[PDB]
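Use the sequences and the hints to build the structure in full.
Here is what each chain is made of, one letter per residue.
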Amino acid sequence: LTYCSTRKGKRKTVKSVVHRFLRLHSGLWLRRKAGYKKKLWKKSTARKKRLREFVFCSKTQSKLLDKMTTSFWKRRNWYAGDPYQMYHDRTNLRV
Amino acid sequence: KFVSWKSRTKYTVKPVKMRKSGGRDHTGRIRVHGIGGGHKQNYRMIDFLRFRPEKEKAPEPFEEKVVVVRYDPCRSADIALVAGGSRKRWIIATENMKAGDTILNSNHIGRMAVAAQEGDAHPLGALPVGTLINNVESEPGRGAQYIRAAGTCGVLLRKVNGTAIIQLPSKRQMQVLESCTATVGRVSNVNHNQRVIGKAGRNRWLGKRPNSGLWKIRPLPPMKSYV
Amino acid sequence: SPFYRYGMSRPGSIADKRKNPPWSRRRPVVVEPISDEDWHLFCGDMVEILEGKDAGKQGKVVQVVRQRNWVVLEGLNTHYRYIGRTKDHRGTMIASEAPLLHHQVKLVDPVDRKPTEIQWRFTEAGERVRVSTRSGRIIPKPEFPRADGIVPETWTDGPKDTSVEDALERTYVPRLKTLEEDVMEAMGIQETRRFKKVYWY
Amino acid sequence: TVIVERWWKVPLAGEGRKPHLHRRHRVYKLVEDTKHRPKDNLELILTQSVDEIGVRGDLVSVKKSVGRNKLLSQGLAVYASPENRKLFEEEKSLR
Amino acid sequence: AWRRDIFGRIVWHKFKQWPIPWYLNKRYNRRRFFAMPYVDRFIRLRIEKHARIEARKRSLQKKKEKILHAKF
Amino acid sequence: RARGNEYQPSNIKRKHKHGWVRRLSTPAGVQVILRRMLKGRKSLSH
Amino acid sequence: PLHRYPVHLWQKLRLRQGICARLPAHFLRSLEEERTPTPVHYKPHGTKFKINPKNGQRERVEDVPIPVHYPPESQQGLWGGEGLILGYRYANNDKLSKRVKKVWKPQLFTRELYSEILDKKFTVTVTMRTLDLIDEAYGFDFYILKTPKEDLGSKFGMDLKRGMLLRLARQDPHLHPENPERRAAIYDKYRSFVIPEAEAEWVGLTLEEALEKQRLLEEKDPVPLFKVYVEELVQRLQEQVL
Amino acid sequence: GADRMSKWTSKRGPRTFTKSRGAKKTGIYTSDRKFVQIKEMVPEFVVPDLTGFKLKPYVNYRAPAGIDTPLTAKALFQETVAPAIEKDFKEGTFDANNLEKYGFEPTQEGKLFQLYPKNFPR
RNA sequence: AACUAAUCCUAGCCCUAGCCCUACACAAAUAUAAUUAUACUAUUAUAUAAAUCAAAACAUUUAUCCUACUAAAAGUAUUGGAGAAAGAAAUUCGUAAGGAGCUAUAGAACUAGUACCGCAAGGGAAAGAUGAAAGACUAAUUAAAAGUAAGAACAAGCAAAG
RNA sequence: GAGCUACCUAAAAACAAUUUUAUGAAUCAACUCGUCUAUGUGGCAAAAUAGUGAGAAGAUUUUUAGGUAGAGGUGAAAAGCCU
RNA sequence: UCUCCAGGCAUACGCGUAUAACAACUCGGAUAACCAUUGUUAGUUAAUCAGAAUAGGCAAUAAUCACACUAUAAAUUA
RNA sequence: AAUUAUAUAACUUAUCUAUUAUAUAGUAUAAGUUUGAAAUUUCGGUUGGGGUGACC
Ligand SMILES: [Mg+2]
Ligand SMILES: [Mg+2]
Ligand SMILES: [Mg+2]
Ligand SMILES: [Mg+2]
Ligand SMILES: [Mg+2]
Ligand SMILES: [Mg+2]
Ligand SMILES: [Mg+2]
Ligand SMILES: [Mg+2]
Ligand SMILES: [Mg+2]
Ligand SMILES: [Mg+2]
Ligand SMILES: [Mg+2]
Ligand SMILES: [Mg+2]
Ligand SMILES: [Mg+2]
Ligand SMILES: [Mg+2]
Ligand SMILES: [Mg+2]
Ligand SMILES: [Mg+2]
Ligand SMILES: [Mg+2]
Ligand SMILES: [Mg+2]
Ligand SMILES: [Mg+2]
Ligand SMILES: [Mg+2]
Ligand SMILES: [Mg+2]
Ligand SMILES: [Mg+2]
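Residue numbers (PDB author numbering), protein chains in the order written: chain 3, 94 to 188; chain D, 62 to 276, 286 to 297; chain V, 16 to 216; chain H, 50 to 144; chain Y, 169 to 240; chain 2, 47 to 92; chain X, 2 to 243; chain 9, 14 to 135.
Do not take every clue at face value.
As the list claims (entries may be wrong) - Think about it this way: if two alpha-carbon atoms lie no more than 27 Å apart in a straight line, the pair counts; the simulated DSSO-like pairs of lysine-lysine are:
| no. | chain 1 | residue 1 | chain 2 | residue 2 |
| --- | --- | --- | --- | --- |
| 1 | 2 | 59 | D | 62 |
| 2 | Y | 239 | Y | 225 |
| 3 | 9 | 124 | V | 212 |
| 4 | V | 192 | 9 | 100 |
| 5 | D | 71 | D | 116 |
| 6 | X | 122 | X | 147 |
| 7 | X | 55 | 3 | 167 |
| 8 | D | 78 | D | 101 |
| 9 | V | 121 | V | 72 |
| 10 | H | 58 | X | 99 |
| 11 | 9 | 37 | V | 211 |
| 12 | X | 228 | 9 | 124 |
| 13 | H | 67 | X | 103 |
| 14 | V | 192 | 9 | 114 |
| 15 | 9 | 47 | Y | 194 |
| 16 | H | 113 | X | 147 |
| 17 | 9 | 47 | V | 211 |
| 18 | V | 156 | V | 129 |
| 19 | X | 122 | H | 112 |
| 20 | X | 106 | H | 84 |
| 21 | 3 | 156 | 3 | 108 |
| 22 | 2 | 88 | Y | 182 |
| 23 | 3 | 108 | X | 55 |
It should be emphasised that the hints constitute simulated quantities derived from the structure, not laboratory data.
In structure tokens form, the structure reads like this:
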């Protein structure tokens, strides 16, 4: 990671995270399942269904991704007609 | 700082002092190995253009008188001082040249064959097929460059139209115009190949440093399991 | 040299070359710089000691070390020492004067002897003269014997000394001729040859 | 001439600035070599009558090598500039 | 004349007497009154070196007057 | 053999190898002098 | 410490002090101005905007000229802006192969060219591009006169321009002598490029050549102060007499 | 181990190395190594007659020194040239061409002692 | 009851601010084996910075190095063995002599590019201390370091502890 | 950086006596080299001393000035030498 | 004066005042005497020793006591 | 060994000249191919230690 850049003196985002994961404003991260486009002919129908899903990340994985990206990727984005509009907040969470 | 010693513009019969190279070039680096030291030598300016008419004289056959046949440190053959008119010039000596002999230098291209006497310079057209010749020039006026070593004689195999074929000492056939001038006979010191050096010091007298003590068909793919 | 310290002994004397050797690196003395115009004390001027052992006693200046802002008064600020001490003999006791800084003394009005501060101002002729700050008055420049010991009035020239009138005789006649040409004409030298061309470069 | 193209993108520098180049911007590839382009013909107005081309004043299209080497150097033809066109056109009309 | 030497400095050159013109003398033509471009860096280094000395010199005088004013 | 006496003095050799005229012969040698002048050396060359 | 001015401004400050200041104002403008040569070794972008294919959005584009090395041998000929491209290539045209030093060289020919204004034939080292430029300019004389210094890029070419401009400026009767009619035609053909005599003299001069010219013009031996004082005395005496 | 700091003189180096101590040449070396001294090249000391000379090395301390007024071209011109030109101008016998009449020299060439470039020693 | 020693304060230096410069100083000598008064033998930079290093190896690649106004747009668009990393622009904003620095192993290497080392390129030190006055005889101050002296030792031992 | 060392270029030097012959012959000095043993091992010496030895008119040895330079030079190859 | 040892004198190269006298007795010589050390003053003398005009024309025949004598590695501005 | 290789050498197509009836010559350059003087980089693991094997 670049912690202090030569030109701007800031941290830098790792653009490998930006191209693989989606961050919900609450703090969660979504990802795909590795291998979901590979050798589908020899995979069982149940296995393929599991692969197609969007899945959450663990606490430590989320902690790592937060370190690898900057604040701009953590802001609240007001997109019209967003399909993740309802998933940016947690409800009935006591914990 | 290497300035070549070959800086004399004008011909003279006085021996000229030579500076040795050592196998190195003007850069100062060895370009040929095995040359170094030896005896000090003087260069006698040889003249290989046999038919050179004297200054302010007509271009026709002339004759010259052999003063002495001498040893030359700078070549295998031996040299003969020849005088004619008011001019003295060093030349290469044939096998049988002696002092007091007379040798002709002919420009005339004999329409018929001219009897060949060793030591005389005649155009190849004049000479008959088969005559042993030496000091052959590639092109008329160039000067002799081939068959200039000791006892080395080439044959004149053929003459057709304006050109002739010469068998060089290496058995390599060369072709030249019949106008080119070739001396008749062998080149003298025929026994040079019989000389024996005897001791390692003798080569170090001739400027020959000792040899260094340091002591390819790629197979085609189809034939690599048999190498 | 930046480290040469000025002392009571004259520069270049045997004592000075021992007090200030080439290898000495003593700490600089801090001197309040005083302009050549501002400085107003001169040899032979009577001054009064404002403070010290002899405060209130008027004296005559006899030496000035301007680099140290020192004025030395004859017979005042005196301590005692032995001069000419030898192994066999003690020497002679004498009173030796010590330097006094300018701010520890003041000049004295001639007619009324008091420590009058003075100010520099020009005159009708234009010559710069000291004037008393109070009781405005001309304090004349005193006359002091020459340091080398030469008194011009008593001086009588011996051999090898040009006489006055001869030194003041005017013989120069302005003309557009160099010293070289004048001497040759006067001495009658003749030269008709001329130098060949020279390419200066 | 030889025309080259950089392998690496050069960031924009702005209106009144010059881009700072790096060692990687010195790597080039060959877009085109003008030597191998199809060669256009040269148009000249003759000032004389020369065999196999035409009479004085005509307009012809000839290989550049022929035009420079012989016609223009020898004075047989003149450059078919608009000014030259007008002069020779007037002569033909009067003729 | 004012001339620039091979080290890039400007120096007054005092002429000498010769019996032949300058374009014919071969000992004079070996002397060079120009500097090649590889001297440009050294020209800047002299200016910067001199600027440092003068800046130090000004700074010291300012400090010395502070000592005087405190003392007097 | 005993080493340490690799220096066999010769004024002709010395002035030819490291002298003023030698240093000025090539541009690299001129820059040798320029460095030493900038450093302040009392001896620019032999 | 710091320099007062940035190092890039030093050349401008040098032109503005000393004998450089006394140089002609018009000559300094040529020295001061910097103009990019017409593109030769790269294709310029036709527009100032393009549509990025990957993301399908409009993005600005700029032209960055290739660095080209001009050997001093080129200054003795007429290369039409061409030079040496000193660069690197990727072996096999894949960036995952080794990076290899590459030099692209112009094809140089020797050609003889005739100048009407000078009435002389020169033998010049030339590129096929240079010949094309002359053809587009409808004459060798037009090529030199039309092409600017940056495009011309040759000290030999610039000297030709000064001679041609000086020839036209003075209407020198040294051209095709004994034929005023033939001469008149040549001067008339190139009348568009006529400029004042004073300006034409300083065309194509380098800074060093210009400085020597200026030093020669103002070089003068001192006035013997005998004359100077004599002038003053006479003026004072004459004024008193008045 | 050679000494880089001491001056290079003819005492140092081999016999072949020789160089002068600053004495001016007085002759020429011809071929076959013959030295030919030239009489004109040898300086001549022009000494005046000091008999009856009133000036001695030192001066009276009683003699007043004078105010320094270093000579200037104006002062030289006024003392020497002004009297003639002024009188001549009143007489009207004046022109720019005849400045030589008052002592002006257009050129220094041909003079034994030239003021520039100087061709004589002190 | 003292030897070796110790104490010391300013020589200068450091970072900024400000500022284009016009310091390039007698005679003579000097590019010849420099510093040698005159002929001989004439005189002239450089084609792309590389590698280390980072990528936990290395082989495309690796900020600054290889400068073009500040703050923001923005570590965003983009670029990349799409890895390590790299990274804009449109656009907007912008009127101005000092020290919570050093004080002789510190601060400049500097008392000096000297001494000295090296054939050469090159490397490169150490140190000073009276007082107002030395035309007052060059002072004082300190059980104070290790080391010694004054004053060798006296069965038995991590040398002390009870 | 080739004042050491490797090789080279140019200009110079040295070799008595004795026997063979007519010599990279013999005995053996000067000179060159460094076989074997002892001493020495911060030594006299960062390779020496004392003895004993090999060559000693030659591919000998020595002197002076010049040349070849590190991606290189030189090498009767020891991966030797290039302060 | 005696006892004993057996590379010395010049020049080249190099070094650069170590030269000589006096006065000193700290430092230097691995100790003393005395000085090679410190300070002061002096010194090395050259027409023979040593160093530092132009343009053309032309050269066959070593050295070694140079005769005899052979030879081979073929060998000095007039 | 992998990756390269306007070191030299060769050919081929252009480019530029000469000629010629289309044609054979050459060539201050570009693009290929062949040759390889060189250049850069590397030396997986487990196995009293070394052959081979093997194994991951
Ligand atoms: Mg072998
Ligand atoms: Mg912007
Ligand atoms: Mg050594
Ligand atoms: Mg030696
Ligand atoms: Mg790495
Ligand atoms: Mg790399
Ligand atoms: Mg310090
Ligand atoms: Mg220090
Ligand atoms: Mg103690
Ligand atoms: Mg006990
Ligand atoms: Mg040598
Ligand atoms: Mg013998
Ligand atoms: Mg023998
Ligand atoms: Mg023996
Ligand atoms: Mg034997
Ligand atoms: Mg050997
Ligand atoms: Mg071996
Ligand atoms: Mg070594
Ligand atoms: Mg003595
Ligand atoms: Mg004594
Ligand atoms: Mg002494
Ligand atoms: Mg002599």
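Taking the hints in turn, this is what the structure says about them:
no. : hint                          : in the structure
1   : 59 (chain 2) x 62 (chain D)   : 16 Å, holds
2   : 239 (chain Y) x 225 (chain Y) : 21 Å, holds
3   : 124 (chain 9) x 212 (chain V) : 12 Å, holds
4   : 192 (chain V) x 100 (chain 9) : 22 Å, holds
5   : 71 (chain D) x 116 (chain D)  : 14 Å, holds
6   : 122 (chain X) x 147 (chain X) : 19 Å, holds
7   : 55 (chain X) x 167 (chain 3)  : 25 Å, holds
8   : 78 (chain D) x 101 (chain D)  : 9 Å, holds
9   : 121 (chain V) x 72 (chain V)  : 11 Å, holds
10  : 58 (chain H) x 99 (chain X)   : 19 Å, holds
11  : 37 (chain 9) x 211 (chain V)  : 19 Å, holds
12  : 228 (chain X) x 124 (chain 9) : 20 Å, holds
13  : 67 (chain H) x 103 (chain X)  : 25 Å, holds
14  : 192 (chain V) x 114 (chain 9) : 15 Å, holds
15  : 47 (chain 9) x 194 (chain Y)  : 26 Å, holds
16  : 113 (chain H) x 147 (chain X) : 22 Å, holds
17  : 47 (chain 9) x 211 (chain V)  : 25 Å, holds
18  : 156 (chain V) x 129 (chain V) : 18 Å, holds
19  : 122 (chain X) x 112 (chain H) : 23 Å, holds
20  : 106 (chain X) x 84 (chain H)  : 12 Å, holds
21  : 156 (chain 3) x 108 (chain 3) : 16 Å, holds
22  : 88 (chain 2) x 182 (chain Y)  : 24 Å, holds
23  : 108 (chain 3) x 55 (chain X)  : 17 Å, holds
Hint compliance for this structure: no hint is broken.
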